[PDB]
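Complex shown without one protein chain; remaining protein chains in place.
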Amino acid sequence: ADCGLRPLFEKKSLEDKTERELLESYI
Amino acid sequence: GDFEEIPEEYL
Partner (left out) sequence: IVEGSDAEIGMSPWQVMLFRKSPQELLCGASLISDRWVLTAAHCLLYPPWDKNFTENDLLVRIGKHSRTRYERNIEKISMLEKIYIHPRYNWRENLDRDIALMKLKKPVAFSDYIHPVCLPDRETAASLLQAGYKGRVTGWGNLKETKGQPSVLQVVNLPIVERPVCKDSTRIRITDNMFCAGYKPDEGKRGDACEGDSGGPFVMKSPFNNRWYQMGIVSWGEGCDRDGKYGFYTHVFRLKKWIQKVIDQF
């Protein structure tokens, strides 16, 4: 119910050094 | 044998 979301990232609206790469690939 | 020693309690 609260899976996926990360305490020190998605819960503090912070992106990790290389996650945008993933997102950018979903053309 | 190169890692770290874990407390017996767990073993």
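Which chain is which? They are A and B, in the order written, and residues in each are numbered from 1.
The criterion applied here is as follows: a contact is a pair of C-beta atoms (placed from the backbone, for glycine too) under 8 Å apart; a residue touches a chain by one contact, two chains touch by 3 or more.
> With touch as defined up top, name the shown chains that contact the chain not shown.
For the complete complex, the undisplayed chain touches A, B.
> Which residue numbers on subunit A touch the omitted chain?
Output for subunit A: 2-10, 16-19, 21-23, 25-27.
> For subunit B, which residues lie in contact with the unshown chain of the complex?
Within subunit B, the residues that touch the unshown chain are 1-7, 10-11.
Everything below uses one rule, namely that only the chains that are shown with their structure count from here on.
> Please tell me the distance, in whole Å, between the geometric centres of subunit A and subunit B computed from their C-alpha atoms.
33
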